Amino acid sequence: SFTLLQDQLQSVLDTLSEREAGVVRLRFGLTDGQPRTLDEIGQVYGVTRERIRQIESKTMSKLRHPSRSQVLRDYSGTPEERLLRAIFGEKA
């Protein structure tokens, strides 16, 4: 149920580029449980904070898009549930 959510979220993120999925995972703490600042992510990738900001904005838009989000419809505290709530707002 939660494990099936984690698996489905992983599958949706794997349809993004490495950089796109990487920024979202680091922002939400999907691997290590620790959300990272746009600043921290810029330092890791050696990319401007501004480009990371643009990537986060554009990638969250791709994840809300029905082309990627529809499969997640069936599904706080956890990184997974927080990403779900950032994609679907009130529909959680």
Second form
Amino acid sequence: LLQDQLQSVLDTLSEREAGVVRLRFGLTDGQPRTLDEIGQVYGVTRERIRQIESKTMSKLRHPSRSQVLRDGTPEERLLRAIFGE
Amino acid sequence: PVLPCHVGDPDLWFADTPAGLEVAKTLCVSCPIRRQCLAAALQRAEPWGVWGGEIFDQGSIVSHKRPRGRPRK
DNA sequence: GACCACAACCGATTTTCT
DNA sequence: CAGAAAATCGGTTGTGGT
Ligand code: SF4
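Next block, the form deposited with the DNA bound, ref. the form deposited without the DNA:
Below, the chain from earlier opens the complete complex, with every other chain and molecule after it.
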């Protein structure tokens, strides 16, 4: 439960955007990935992955995607990184 | 609350053309949340996108997004 | 050495100016 | 017409900091 609806908004991103956040927060297998590893999967450098991740997080913060979803597991950390501390 | 951004496709607010951003910016004018949206986005220094009816670029407001080629004079 | 934030830089492409 | 110039874009490199 709930874990599903965010998987919905993830599906509103491009594959690379979604996969980068999936890997960063270890959403599919519990294990967060390092920027380097992520770059290894998408064939780009770590810094490119960092830029992608910054912009994608900006998108996820945006009400168009985040408003429906305002209600130590990785999904917990993702929702936390969306909003404040 | 019902927001204008939450209907349609959200990438409009992160559109690559200045046209799409102007569209989203006028869509925001009907938002019951607008001034909030803007304040909070400024206070997180958003890198891009349209928030509270304004284009953001690396944490500030840009008014109009530059087109892709050389500037007309 | 592992990890990553920041800025400068790079080649391609696009657009406009002379 | 033909370049040259200026700008964005997706990406990498270089530097340095925990
Ligand atoms: S004010 Fe905020 S919620 Fe309303 S349309 Fe603009 S960005 Fe979306």
